[PDB]
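**Student:** Chain by chain, the residues:
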Amino acid sequence: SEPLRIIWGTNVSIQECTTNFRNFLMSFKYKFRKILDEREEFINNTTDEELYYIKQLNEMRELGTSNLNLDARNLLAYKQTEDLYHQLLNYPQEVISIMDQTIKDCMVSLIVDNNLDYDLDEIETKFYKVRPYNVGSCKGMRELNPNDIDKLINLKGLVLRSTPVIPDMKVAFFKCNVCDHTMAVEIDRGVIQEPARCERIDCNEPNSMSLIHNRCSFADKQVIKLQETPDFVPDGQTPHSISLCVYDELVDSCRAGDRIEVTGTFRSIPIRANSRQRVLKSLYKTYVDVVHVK
Amino acid sequence: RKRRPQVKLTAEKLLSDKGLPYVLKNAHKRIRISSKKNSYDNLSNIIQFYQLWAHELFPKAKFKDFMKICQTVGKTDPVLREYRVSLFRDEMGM
Amino acid sequence: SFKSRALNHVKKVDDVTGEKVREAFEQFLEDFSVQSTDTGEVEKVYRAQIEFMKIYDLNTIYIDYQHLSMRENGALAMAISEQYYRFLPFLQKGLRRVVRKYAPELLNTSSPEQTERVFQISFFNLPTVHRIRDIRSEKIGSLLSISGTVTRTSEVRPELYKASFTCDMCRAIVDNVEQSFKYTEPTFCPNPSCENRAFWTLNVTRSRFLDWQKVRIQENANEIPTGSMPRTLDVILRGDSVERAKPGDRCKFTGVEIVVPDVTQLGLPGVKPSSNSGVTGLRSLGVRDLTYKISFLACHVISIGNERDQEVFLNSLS
Amino acid sequence: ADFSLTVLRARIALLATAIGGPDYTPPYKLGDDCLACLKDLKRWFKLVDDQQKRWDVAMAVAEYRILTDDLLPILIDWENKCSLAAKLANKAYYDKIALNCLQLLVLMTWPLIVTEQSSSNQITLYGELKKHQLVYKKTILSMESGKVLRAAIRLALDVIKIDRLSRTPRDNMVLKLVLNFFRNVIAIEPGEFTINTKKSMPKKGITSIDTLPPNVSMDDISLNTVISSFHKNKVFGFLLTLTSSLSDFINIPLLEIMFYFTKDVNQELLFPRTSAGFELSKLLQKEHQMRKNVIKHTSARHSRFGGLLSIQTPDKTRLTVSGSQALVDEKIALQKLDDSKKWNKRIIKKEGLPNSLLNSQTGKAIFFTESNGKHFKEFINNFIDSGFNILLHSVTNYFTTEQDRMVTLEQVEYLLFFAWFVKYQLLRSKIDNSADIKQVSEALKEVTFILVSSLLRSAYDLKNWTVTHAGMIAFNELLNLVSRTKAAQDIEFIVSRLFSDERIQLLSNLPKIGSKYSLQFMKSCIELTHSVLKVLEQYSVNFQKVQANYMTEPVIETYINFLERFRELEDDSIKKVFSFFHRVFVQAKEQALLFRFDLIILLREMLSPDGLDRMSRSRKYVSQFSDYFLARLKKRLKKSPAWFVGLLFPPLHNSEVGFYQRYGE
DNA sequence: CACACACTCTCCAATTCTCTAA
DNA sequence: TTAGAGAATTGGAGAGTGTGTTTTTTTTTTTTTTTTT
Ligand SMILES: [Zn+2]
Ligand SMILES: [Zn+2]
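Protein chains in written order, with PDB author numbering: chain 4, 174 to 467; chain Y, 46 to 139; chain 6, 91 to 200, 255 to 419, 434 to 463, 497 to 509; chain X, 13 to 37, 43 to 106, 117 to 274, 280 to 305, 329 to 405, 412 to 550, 556 to 606, 657 to 781.
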């Protein structure tokens with residue numbers, strides 16, 4: 174009956190993913206982490222009885238801030254959610270996109286169901302994010318291999334340098350040359366899904382629709398070159414390095430020469446043989462797409 | 046030799062088994078209206094069923110386009126008229 | 091005989107907000123009134139500036155942003171700040187109507257025929273200043289002020305601002321052809337006898353050129369938080385604002401943050417594409447990527463870093 | 013041939029330098050033999066453009082600037098030479124060259140048209156010669172601030188000073204000349220672009236429509252400058268005295289002027305019904344609400360983030376859609392799955414006249430300055446209170462005689478002038494109480510009702526839609542007038563009785579064809595039909661029978677097609693449509709007539725958060741209608757399951773099944 | 001060289017327009 | 001008045017033509033100027 178939503182290639186249901194994560198994102202007492210690792214002699218009423226993510230979200234609302242840090246081990250600490258930790262490691266791009274929206278649903282429920290007096294549009298307009306961290310064992314940059322494509326990984330390194338910030342287009346803006354009508358067109362996998370004709374049925378002209386670069390909307394991309402930490406190197410040779418793309422609010426987190434720990438999805442992309450054709454090299458450029466930096 | 050002829054809606058597709066008979070079987074089960082929902086969600090529950098079935102019959106075309114095509118074919122084809130009057134004649138017979 | 095389609099300008103959609111900005115800016119320029127110099131008095135300072143321009147034949151108007159900020163609850167200053175690049179054609183079209191009202195001598199470059261005058265609207269005195277490291281794509285098309293130190297300045301070069309072309313196939317003329325970041329010839333001949341879509345020549349008498357200069361600036365050597373590498377920005381100066389700075393100087397610029405396309409990938413007349435991932439799927443790109451620089455387009459420039500005759504000096508002092 | 017062209021340019025350039033010059037002693046001096054040079058240039062216009070249909074002389078007289086460098090300075094100096102003398106109160120020679128300068132101004136400013144009968148050379152130069160006419164209008168309105176319009180009224184005063192009876196026809200000609208000069212200076216209007224279509228489109232469309240010369244802005248040509256220069260040169264006071272003095281020769285040029293500068297002003301700007332900052336603020340809050348809805352549809356992470364959804368469907372099979380927004384919102388997923396389809400069904404889409418309310422966009426508005434807006438409204442209020450009544454009475458006589466000679470341009474500029482003034486004066490008398498309605502009492506007189514109705518009938522019968530559209534507009538306004546005077550209170559009954567059989571069938575056929583024509587045509591048919599039904603309802657031949665003449669599928673089709681444009685409609689026009697759907701649903705119980713699928717999609721597309729604004733008065737009654745519609749649809753479906761196919765297709769006409777389908781036994 | 005992209009040319013059939021009889 | 005047969009125009013398949021592409025760039029010698037040797 175219901176057309177079920179499934180993460181592609183997985184047999185994982187997005188409704189079950191969401192309706193579990195909501196019921197972790199409230200009702201998680203920090204007590205449960207101090208059961209997971211034990212130290213269970215240490216349990217303190219004031220912190221440990223409090224609803225940890227409720228307090229975090231009420232702070233987010235009052236500060237007017239959009240990003241929730243999440244130590245992934247909490248997902249293992251709570252009975253309903255142990256399998257979601259495994260989904261977060263294996264299917265990051267979708268599981269993070271479910272968590273991002275569940276935060277935004279929660280932020281609204283925390284004022285409208287709670288019938289608290291606050292500005293709704295001030296929350297509806299925000300792009301909320303999860304930033305998951307403490308995701309698993311760290312690994313050597315040199316220990317990466319193609320089994321790891323599209324998984325969360327945890328790396329330690331030295332920043333060599335940052336590019337100056339790069340504008341990445343998020344919404345294209347188009348104008349009809351004949352009729353002055355205009356459209357916001359959604360960017361999808363880096364391709365502009367261009368219209369064939371004017372959207373006004375009173376105009377309907379083909380090919381006359383055109384792009385206006387300074388009325389488009391953009392995200393912030395930055396490349397950090399990250400070197401392997403000298404503790405990890407095999408002593409026969411030089412350290413390696415990996416490029417990483419840092420995005421939106423994480424841009425300029427790092428100075429050159431910072432030591433950092435990063436959580437990101439490990440990515441590979443084909444690259445063009447020649448800039449005038451779609452002929453691609455048979456071995457792919459790789460980078461990490463970061464979701465947290467410490 | 047030729048170019049391939051265009052695939053196009055016709056009773057030989059539209060009357061065929063996954064088709065109008067599939068609508069008559071499944072739709073009364075899958076489409077639900079209540080005043081307990083807002084009108085915009087009720088409209089969306091109707092439109093889902095027809096959008097997925099139109100995608101199954103004629104994935105070439107968008108939903109509004111498929112409706113304009115169905116209007117022209119039901120206006121013109123005598124076999125499609127005969128099928129529709131046959132459905133109504135059953136309900137009058139009962 | 092022909093097969094032809096007539097194509098009528100009246101059916102263009104209007105920006106209702108753009109026209110409500112034009113009216114609010116038009117009313118501000120005449121009425122604004124307030125003065126405190128010498129004594130508490132009314133002056134209509136922007137009308138007083140237009141009547142000053144009428145004497146000297148200057149083609150720029152300076153506007154203090156705090157005057158916009160206090161006017162009409164500041165909704166006009168909010169709109170001009172946040173969406174400057176959308177509203178600028180409406181600001182210029184509003185100013186033209188006010189100049190037509192109070193000083194119609196300025197409305198041309200002012255015998256042969258003398259051209260349309262182009263007006264550089266120069267906002268200044270913003271509430272807040274950004275560093276080169278504070279620049280973020282979220283502020284594209286919005287009016288900032290930027291503080292930095294000049295490392296280089298280019299030649300003063302002519303931009304082709306409004307182009308005019310003649311058709312080699314039929315000898316017709318096309319005019320007022322606006323230029324984006326790339327050079328742009330017309331797609332269709334204006335003569336309905338003519339099948340042409342290419343083969344255009346520029347008329348260098350009738351086409352109109354702005355003055356233009358690139359100046360490269362960097363984050364100030366006292367501001368860099370840890371003595372790391374100095375981050376840089378490309379600033380574009382136009383009209384009267386060219387050569388107003390010098391290398392090693394310290395300047396405050398105000399204007400829009402802009403995205404500049406990498407024009408070789410955009411199919412520029414008679415040039416090869418060059419060789434990070436862009437965006438694709440556009441008629442003018444076909445299979446290519448388009449990629450983007452951040453630049454600044456400055457309307458006003460001020461530095462923060497011998498005429499030996501008494502007949503000039505004693506008039507120079509107050 | 014080309015030698016003939018370059019010899020023509022050389023001969024006219026040598027005549028152009030022979031007229032005169034600045035003298036440099043600057044004070045423009047007449048050339049010796051100036052009268053003979055002016056008469057020779059008039060001869061050149063006649064003996065080439067009449068005789069051979071060329072336009073080449075009229076083109077090349079703009080190249081050598083004769084209008085802007087000779088004719089204008091000559092008229093403006095002669096105006097000063099007569100103004101000074103009047104304030105002191117061979118001038119008989121200078122009269123003749125002033126007249127001939129006005130003659131050449133009228134010839135150079137004459138409106139351009141292209142037709143089947145147009146020359147291969149005229150159609151070549153047409154789009155170019157419109158640019159030189161734009162330069163002439165700018166220069167006439169701004170050269171010494173319309174002092175030439177002052178010179179034109181002076182040449183009219185020269186014949187107004189001698190009596191209505193004791194005048195000669197060669198002077199009534201000069202009156203017509205001055206009126207034709209003003210109608211021309213008004214109706215210089217920027218040209219159409221035109222493309223040759225023998226060769227198909229490249230990978231971009233027409234990259235600029237901008238039909239303007241290098242030193243003209245769109246504002247230098249606008250009614251703002253026209254109103255400014257007319258008020259500063261006392262033109263309105265001339266037109267007002269002239270239109271009152273009618274107690280035949282000139283009535284039709286005078287109506288032409290009132291049409292040419294009332295045409296594109298939608299009246300409602302003349303009535304408002329920090330203020331500009333509050334108006335700007337409210338509009339920015341509406342654009343903010345729209346961008347909030349776009350932000351709610353946009354990616355919370357970057358373009359490359361790459362999350363991929365699979366949708367399970369019945370027959371236990373998969374589709375796939377990209378993008379983080381689709382994972383959580385099933386409705387967005389299905390919208391994206393339709394958006395990506397690379398097919399489009401080919402659409403089907405649709412003369413010598415000026416751009417007007419027949420042709421300009423429903424949203425178009427001309428932005429008067431505050432002084433200009435008061436100078437305009439005071440002029441037309443004086444004109445309505447003085448001269449409209451007698452002017453309409455005069456031209457409606459002249460055109461009730463002579464109907465068959467009215468080529469389509471006269472027919473429009475009569476019908477639209479009648480409709481615009483009656484609408485404006487109804488609206489003034491709505492807000493102001495000191496406005497009389499009965500000041501336009503002439504509009505309901507039997508001779509004018511008969512003319513308007515005959516003219517629309519003949520245009521419909523001859524299939525001349527531009528005239529039927531103008532007829533439908535004027536008839537809709539006459540109906541508004543009748544309804545208002547009936548509410549205020556026997557001439558109402560005379561006209562209301564006069565349409566009982568045949569005009570009823572006509573006005574019922576109008577919306578049935580409406581779905582084949584422009585948005586402005588459908589809008590006019592809907593406004594007319596709303597007005598008719600409201601009148602016939604108020605009067606009660658048989659309301660049930662006459663409305664059943666309208667309750668037919670072709671009308672519902674044009675109503676759905678007007679409502680498809682709703683994103684560019686106004687709340688008034690949407691309220692008219694939904695009043696008619698309420699009338700069909702509740703008053704007729706016709707409801708099967710509306711159950712077709714096109715309406716169901718269209719309700720969703722406008723009731724959506726992306727559709728109508730939530731704070732709009734318009735959304736409230738759409739939401740109410742939708743609740744009743746879905747209730748009756750649920751009832752019909754529960755009772756008769758075949759309606760799921762009957763809702764997908766158009767209705768049947770096989771008798772027994774067609775009745776059962778429509779009503780459910 | 002040869003193999004993709006950019007761009008124009010040409011033919012064919014698909015759809016809508018228009019007229020006639022049921 | 002509906003509905004069905006015959007005439008005209010537009011869309012786009014697909015055939016055809018034409019253009020650009022590899023690509024590098026430190027290294028090693030010779031010189032002429034500043035200054036730190
Ligand atoms: Zn358009
Ligand atoms: Zn040409």
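Simulated from the structure, these hints should not be mistaken for laboratory data.
Watch out, some of these pointers could steer you wrong.
List time: in silico BS3-like cross-link candidates among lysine-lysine, alpha-carbon distance up to 25 Å [claimed, not checked]:
1) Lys191 (chain 6) - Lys230 (chain X)
2) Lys93 (chain 6) - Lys158 (chain X)
3) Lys343 (chain 4) - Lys582 (chain X)
4) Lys306 (chain 6) - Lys348 (chain 4)
5) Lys750 (chain X) - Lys113 (chain Y)
6) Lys386 (chain X) - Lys113 (chain Y)
7) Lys101 (chain 6) - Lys348 (chain 4)
8) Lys600 (chain X) - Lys755 (chain X)
9) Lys341 (chain X) - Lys102 (chain 6)
10) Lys458 (chain 4) - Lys451 (chain 6)
11) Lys751 (chain X) - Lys74 (chain Y)
12) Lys582 (chain X) - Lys113 (chain Y)
13) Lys203 (chain X) - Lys63 (chain X)
14) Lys113 (chain Y) - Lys578 (chain X)
15) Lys405 (chain X) - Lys348 (chain 4)
16) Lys400 (chain X) - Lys47 (chain Y)
17) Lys348 (chain 4) - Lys183 (chain 6)
18) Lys400 (chain X) - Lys53 (chain Y)
19) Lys82 (chain Y) - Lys277 (chain 4)
20) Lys70 (chain Y) - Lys755 (chain X)
21) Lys158 (chain X) - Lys299 (chain 4)
22) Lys113 (chain Y) - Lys506 (chain X)
23) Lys755 (chain X) - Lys82 (chain Y)
24) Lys348 (chain 4) - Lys391 (chain X)
25) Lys397 (chain X) - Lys63 (chain Y)
26) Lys259 (chain X) - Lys144 (chain 6)
27) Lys174 (chain X) - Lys58 (chain Y)
28) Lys299 (chain 4) - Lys400 (chain X)
29) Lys416 (chain 6) - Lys451 (chain 6)
30) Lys261 (chain X) - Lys98 (chain X)
31) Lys207 (chain 4) - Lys458 (chain 4)
32) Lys329 (chain 4) - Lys454 (chain 4)
33) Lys165 (chain X) - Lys101 (chain 6)
34) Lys416 (chain 6) - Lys230 (chain X)
**Student:** Hints first: check each against the structure and report whether it holds.
**Tutor:** Now the hints, each set against the structure:
1. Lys191 (chain 6) - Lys230 (chain X): Roughly 44 Å separates the two Cα atoms, so the pair is violated.
2. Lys93 (chain 6) - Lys158 (chain X): Roughly 23 Å between the alpha carbons, so the hint for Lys93 (chain 6) and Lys158 (chain X) holds.
3. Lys343 (chain 4) - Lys582 (chain X): Distance of about 40 Å is beyond 25 Å: violated.
4. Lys306 (chain 6) - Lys348 (chain 4): Holds. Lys306 (chain 6) to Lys348 (chain 4) sits at ~19 Å (cutoff 25 Å).
5. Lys750 (chain X) - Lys113 (chain Y): Distance ~24 Å between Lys750 (chain X) and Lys113 (chain Y) Cα, so the pair holds.
6. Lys386 (chain X) - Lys113 (chain Y): holds (22 Å)
7. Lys101 (chain 6) - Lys348 (chain 4): holds (14 Å)
8. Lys600 (chain X) - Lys755 (chain X): At roughly 35 Å apart (the allowed maximum being 25 Å), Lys755 (chain X) and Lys600 (chain X) break the hint.
9. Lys341 (chain X) - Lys102 (chain 6): With Cα atoms ~21 Å apart, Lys341 (chain X) and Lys102 (chain 6) stay inside 25 Å; holds.
10. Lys458 (chain 4) - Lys451 (chain 6): Holds, because 22 Å separates the two Cα atoms, which is no more than 25 Å.
11. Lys751 (chain X) - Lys74 (chain Y): Given pair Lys751 (chain X), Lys74 (chain Y) holds - Cα atoms ~15 Å apart, limit 25 Å.
12. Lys582 (chain X) - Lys113 (chain Y): holds (15 Å)
13. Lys203 (chain X) - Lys63 (chain X): At roughly 19 Å apart (the allowed maximum being 25 Å), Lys63 (chain X) and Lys203 (chain X) satisfy the hint.
14. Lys113 (chain Y) - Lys578 (chain X): The hint holds at about 18 Å.
15. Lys405 (chain X) - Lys348 (chain 4): holds (23 Å)
16. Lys400 (chain X) - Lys47 (chain Y): Measuring from Cα to Cα gives roughly 23 Å; hence the hint holds.
17. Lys348 (chain 4) - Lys183 (chain 6): With Cα atoms ~20 Å apart, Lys348 (chain 4) and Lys183 (chain 6) stay inside 25 Å; holds.
18. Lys400 (chain X) - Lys53 (chain Y): holds (11 Å)
19. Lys82 (chain Y) - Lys277 (chain 4): Holds: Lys82 (chain Y) and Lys277 (chain 4) sit about 23 Å apart, inside 25 Å.
20. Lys70 (chain Y) - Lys755 (chain X): holds (16 Å)
21. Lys158 (chain X) - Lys299 (chain 4): violated (51 Å)
22. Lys113 (chain Y) - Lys506 (chain X): Outside the cut-off at roughly 47 Å; violated.
23. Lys755 (chain X) - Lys82 (chain Y): holds (21 Å)
24. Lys348 (chain 4) - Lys391 (chain X): At roughly 22 Å apart (the allowed maximum being 25 Å), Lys391 (chain X) and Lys348 (chain 4) satisfy the hint.
25. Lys397 (chain X) - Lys63 (chain Y): holds (24 Å)
26. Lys259 (chain X) - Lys144 (chain 6): Holds, because 22 Å separates the two Cα atoms, which is no more than 25 Å.
27. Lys174 (chain X) - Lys58 (chain Y): violated (75 Å)
28. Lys299 (chain 4) - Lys400 (chain X): Measuring from Cα to Cα gives roughly 38 Å; hence the hint is violated.
29. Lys416 (chain 6) - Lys451 (chain 6): Holds. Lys416 (chain 6) to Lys451 (chain 6) sits at ~19 Å (cutoff 25 Å).
30. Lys261 (chain X) - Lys98 (chain X): With a Cα-Cα distance of about 18 Å, the restraint between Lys261 (chain X) and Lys98 (chain X) holds, given a limit of 25 Å.
31. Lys207 (chain 4) - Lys458 (chain 4): violated (42 Å)
32. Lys329 (chain 4) - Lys454 (chain 4): violated (29 Å)
33. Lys165 (chain X) - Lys101 (chain 6): holds (23 Å)
34. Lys416 (chain 6) - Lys230 (chain X): OK: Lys416 (chain 6) and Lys230 (chain X) at ~19 Å, within 25 Å.
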